[PDB]
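Undergrad: The residues making up each chain are set out below.
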Amino acid sequence: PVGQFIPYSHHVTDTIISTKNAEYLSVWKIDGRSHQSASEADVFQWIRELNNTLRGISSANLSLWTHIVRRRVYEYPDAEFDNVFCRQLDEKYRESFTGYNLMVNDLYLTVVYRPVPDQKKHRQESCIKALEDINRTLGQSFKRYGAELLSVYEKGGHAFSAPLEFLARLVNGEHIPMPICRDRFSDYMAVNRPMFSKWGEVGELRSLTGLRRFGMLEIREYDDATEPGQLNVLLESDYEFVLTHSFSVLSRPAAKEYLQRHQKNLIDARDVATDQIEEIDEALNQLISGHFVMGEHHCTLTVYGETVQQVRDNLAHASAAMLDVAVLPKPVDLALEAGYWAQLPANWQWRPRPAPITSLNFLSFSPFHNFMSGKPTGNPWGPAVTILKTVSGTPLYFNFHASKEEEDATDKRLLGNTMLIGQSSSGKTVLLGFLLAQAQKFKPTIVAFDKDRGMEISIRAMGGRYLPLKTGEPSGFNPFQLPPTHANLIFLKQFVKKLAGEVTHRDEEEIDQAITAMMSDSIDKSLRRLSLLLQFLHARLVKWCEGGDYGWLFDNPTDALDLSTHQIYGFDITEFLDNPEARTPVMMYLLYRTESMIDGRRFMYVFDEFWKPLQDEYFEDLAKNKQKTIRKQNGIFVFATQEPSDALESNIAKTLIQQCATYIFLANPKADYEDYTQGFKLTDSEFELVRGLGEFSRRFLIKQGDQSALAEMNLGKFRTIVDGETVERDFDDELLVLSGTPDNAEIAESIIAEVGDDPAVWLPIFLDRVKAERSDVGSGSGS
Amino acid sequence: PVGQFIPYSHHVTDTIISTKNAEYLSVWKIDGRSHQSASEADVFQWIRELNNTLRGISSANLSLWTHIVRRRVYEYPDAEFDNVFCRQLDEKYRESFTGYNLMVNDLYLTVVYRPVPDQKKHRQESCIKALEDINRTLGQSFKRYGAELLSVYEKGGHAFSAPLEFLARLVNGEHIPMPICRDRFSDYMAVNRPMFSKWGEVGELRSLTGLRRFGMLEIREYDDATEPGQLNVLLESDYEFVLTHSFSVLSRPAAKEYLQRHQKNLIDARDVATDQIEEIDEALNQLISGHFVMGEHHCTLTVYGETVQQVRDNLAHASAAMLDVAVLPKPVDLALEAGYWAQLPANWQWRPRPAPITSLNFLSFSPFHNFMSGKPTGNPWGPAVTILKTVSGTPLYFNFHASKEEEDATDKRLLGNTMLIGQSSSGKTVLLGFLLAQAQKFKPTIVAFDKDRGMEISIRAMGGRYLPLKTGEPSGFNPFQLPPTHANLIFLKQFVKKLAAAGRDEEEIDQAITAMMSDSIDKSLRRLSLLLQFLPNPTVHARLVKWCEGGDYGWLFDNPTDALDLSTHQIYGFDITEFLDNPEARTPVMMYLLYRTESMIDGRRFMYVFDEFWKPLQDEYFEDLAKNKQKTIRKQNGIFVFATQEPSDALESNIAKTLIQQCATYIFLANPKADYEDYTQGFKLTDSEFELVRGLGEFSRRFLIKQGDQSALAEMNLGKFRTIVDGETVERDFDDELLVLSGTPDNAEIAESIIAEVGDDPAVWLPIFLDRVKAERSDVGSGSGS
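Top to bottom, those sequences are chains A and B.
Quick note on numbering: the first sequence equals residues 15 to 130, 146 to 529, 533 to 569, 584 to 829 in the entry's author numbering.
Quick note on numbering: the second sequence equals residues 15 to 130, 146 to 532, 538 to 571, 581 to 829 in the entry's author numbering.
With the rest of the complex left out, here is chain A:
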């Protein structure tokens, strides 16, 4: 049958998996350091640190199985928006990938402990303690690597097994979420059994997504040298394959005996003393000195597909890309019937060929892969944008919340803050408008604070509120002046930031309590109450000058209910570089209102030049306490500053950098310098990349946690429906997200003054008309 060939039986604890041969397993899901944004000394230092780690995690009680699974992305739920602009953008982006081969490649590392009644239970508990020590040391040496211990999807429904299903994805060919029952896992739990041909050419695998066929390659006689990332040319890899590097650790005297027999072979060659006995004696010296640790090893690449000519084509391309880098893959005959059963990490019996390798040549073969999202689908929301063009590589799946320095991981969901920095108008607002437009698939309510009349047409076409501020016109927000919790506290803050220990600090709290007790008795009084509050018990200055603050509650009604009608809200903080005269009270009560509003969804506070308005100590107290409370309770801050080396002088910017998850560096030219390496936590290669992309390349360095790569937008794509359609250029709905100020501002104002409700169906029609007039007559006629 099939159940005798798969050795697992979960009977111990969360991370450890027992079996019938009394072995124990523990699976890690890693997404390692990117192999595109680092120097050669950095990857050499990484391999040296990993070898110094694995030198202690040794001594014959260990088997490490590194799996590199390149898999299609069937789990991605591309869905609808229920507004026509964002659905049009999703349609253009989804069919803007003309054969991009959307595959993601995750890593796994299986740690297997094998030692060689109540005493057997004691030995089992000793293996549990020993493997927990191994897992603790491995997690302490994988802090840069993003290695989540994979006993993490527990208690979903009725006790689902997370160190399982990866051991199903090897054996079934599809990620089936395994249930834990009081039974054995080898009975009939692994459902989709594969079958083999009688000659052993290509095996078949009857999954639920369709019948597949697979072929394998075994690596033998690899090169005597070892590049650190030597076999990373199989990550582009149009294969949907599974790579398995098994290293079962041999002890020191067993490895010394193996080199003794190898020297006996190389010295008793029939009159060919090939002078190769000078590096194996050096290897014996490194073994006795303790610099190495050797063990048995086999590498199997199982490439999947269908229509066996295509499987053989993939096998031939894999053999070509392997022999390019000086390893020799032999194909497999009927021993493939054992080789797939050598895929599982409890398979010393059906092991194809145990080549003894040193640990440096094992870490040099599986060091780790390029950059993707560690959770493509599975975030606290859905995946925001399937960003293409990690440059010559996989997709991105850009998320606002990925990871951070994982200390005290409990009592928090995930840090979600992002810093979308870049040079002034060099491709910042188009990316921010695109991300805020694409994020609407799981219903957030974004609140934006602009730089200078930017992102206007995007938020206005999304259905947003977007009041544009001018401070002279009476159309503006009014002081609401009715919280029945700490009206005295907000009267204190209003008095001190209206006079602008402010000036003398003499009994202003008595003025606040007097105006509260004389005016508010108790609830639901109108502009009579607001007029008493404005008049008597900005303040003295506008009271004696009559000019400069018309936009506040100066015979303006209580516009306080306007935070349940729309979803996107937008305020222009353009003419407010004169803080703390005007910018900090306005944003003080705006952030007061919009922080009293928390609707449970992702409240995305979008800032443009966040260091400009937040220049008061009240916003420092908010950037401590409110930032902790909002990044706790399903809130997301999206900053976009422009001059970060001019922003780094304030400590508010420092404490907002230190609590920010994902960074985007867009178009920083050579005018900026080595201060990206300190504060922003970069290496030298990442700053070299962001300075070497140039000025008008419109691609950005994305960095999440300890991973970094590049990303583009690719606004040139076309599709083929039956014959090859026209080139779309992604230029329809591109001037609406770029937000050129005069055309979009004038036409948006005039056609919200022409048709009443804010349209997604009628605003871009005449917006397209008024943009096409300029873009056709002004740019084609005169030459």
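Think of the hints as simulated: they come from the structure by calculation, not from any bench.
Heads up, the beta-carbon is just placed ideally off N, CA and C, and yes, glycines get one too.
Accuracy of the hints is not assured; some may be wrong.
Claimed, not checked - Stretch-level coverage of chain B by chain A, calculated; a stretch enters the list once three of its residues show a Cβ under 8 Å from a Cβ in chain A:
id, region
1, 20-26
2, 186-196
3, 200-208
4, 515-527
Unchecked claim - Incomplete in silico selection of chain B near chain A, CB under 7 Å:
id, residue
5, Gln148
6, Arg152
7, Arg173
8, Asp212
9, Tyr217
10, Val220
11, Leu237
12, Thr238
13, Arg241
14, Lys716
Given the coordinates of chain A, work out where chain B should sit on it, guided by the hints.
TA: Below, chain B without anything else, positioned relative to chain A:
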């Protein structure tokens, strides 16, 4: 398994590999000598020179194994052009090759020294010295044979050891690049494992690319009367075969004793086969003097294919083609298995029948005769173009980077200068355009100096500039001379070459003119106008103004700048049509053009193109800068290609003879005139190659291509149609012979139309205007006048 049948062990030195029985191999690749160019009686002289070499290194430790491998060439890449006209020409030429005679054959020779603890190391260190001596001898003897000693290939990505890959090709069936590693080669070479069954079955070879089958033919006859090319009739056939000849040298007592045994059985005892007893006595005295060397020799023909009826058909067709040359093949039974392991050059065990033959009957059965075929890959650039219609169908794979007897040091990549010889432009311009398009395949920086408005449509459609430079139109000023880069020396040389024509060393006077000209820093047309309006204050500004003629339209001086894409292109062209000396017109404009285009690109693909190359290079400055420019530009990846209309007029000069001496690929087009003591003296042909060039004809564009020491005829043949395609609606080719051939009244009107009638940078105005050329000239042009 198979690891006991394939006898190889580790590399011992750079070029010598080992065996599990302590034999030492060294693999040469022999780009063999071209035999269908001189095959009257010099073939016997080549065979006698090779036998006089092989008698020197007789050395009964030795065993030679030579392999003729016909391979269906797959490594020639598809040519992505990123153009429209040149891509159309590449598509038309690629569909022009349905001529099924692909399969380049390459010839290898493995020298196997078989030497019959620390003493074993001494044995190895003596066998290395002996095989290095034999390698030096065979290198000095195969100098004209295009030899290359296959070394350990020190950078593929780490180290890739490539005499081993050919040793893989005998056992695997494809060029598998075998990486050198910490394991003997007997355990990991045989990737594609063979299979054999029983009586009535040919061998199977289950490769990853597809299933293959193979049969074997064994040479077993008592034939003596051999010719030096008796088995090159298979060198044009289509089997994808591997033909192995093995010759292990018999020792002198064993050779004399077995020759005594065979002569007792043959030339004596009352039958004697009269009269075959005469050669044996003098040959026995020659063997006691060593003039013969007898050796165990066998030969197998492994014929590859698929669909075993087709393998049996190819075996029967090879049987007929070898029965044509009085050789009797035999099919191989179950000993095919052993016979397949008879191909690897360390197996004296699995040999079919080690019958002894002499050295001349081994060097005559398998000499290094080869149809000329260039490198498909491996050249430092991309391969240029394949051209068929050579000696018996096999393709050529033309390449500029072909070796020579020069390069005493291996400093540059490969010598790559080329020149065409032909009279009256008899289809020269079409060949130069057809080479320029397939050179535009791998993006070069072409600079051309055309003769009389030729190559103008090809350059203009290829993304070129093509200054007309003519003293006859209402326009014409295209020269600037304004910014100085090598100011004092080069503009001093240009001034003294512009004014110095009086019959007297005005060098310091011109130096003071340049010193008063440079006023002061970074000046424009104001500075050039100051240079024009400097006072006379003898050889003076008078002849300068009167030999620019005043309002210098055809001339170089008194111009504005023409700064428009002088460096941001890929193809530049100039004309020297109305340029002849007295007055000195052609030399300063050529000096200025070579000076400005010297430092165009230092490092990437550069190709100087010259038409009538002996015409501008006449003065002594051109000799000095030609020698220095060759010596410093051949290292900086700048190759040349010349073309002349007369051989004898080009051989009249001396610096032109120096440039002839340093070329690397000659293409002799067509000469019925054929002055005898110029082709064989200056351009270095033999007598039979010159007779070939004379008998080539006068209008057909069949040309003798000679590169290295190989020579073969070729025809580019852009006049051939086809018979089938996927879109079965049209199967004839007609175009692109009227755009590269570039008749000057067509090119003048194409330039006038691209200036005034339409206006376009790329080749997008072309095809209806090509109809406006062709159909309009055929209907209302030549035939119907008025």
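Undergrad: It remains to establish, for every hint, whether it holds in the given structure.
TA: Taking the hints in turn, this is what the structure says about them:
1. 20-26: holds (count 4)
2. 186-196: It holds: at least three residues are needed, and the region 186-196 of chain B offers 4 whose Cβ sits within less than 8 Å of chain A.
3. 200-208: holds (count 4)
4. 515-527: violated (count 0)
5. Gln148: violated, 9 Å
6. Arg152: Status holds, d = 6 Å.
7. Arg173: violated, 35 Å
8. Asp212: holds, 5 Å
9. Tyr217: holds, 4 Å
10. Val220: Cβ of B:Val220 sits 6 Å from chain A, so the hint holds.
11. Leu237: This hint holds: B:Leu237 lies near chain A, its Cβ roughly 5 Å from the closest one there, short of 7 Å.
12. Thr238: Hint on B:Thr238: holds, closest Cβ of chain A at ~6 Å, below 7 Å.
13. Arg241: violated, 13 Å
14. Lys716: Violated. Min distance 53 Å.
Taken one by one, the earlier hints fail for this structure at numbers 4, 5, 7, 13 and 14, listed in ascending order.
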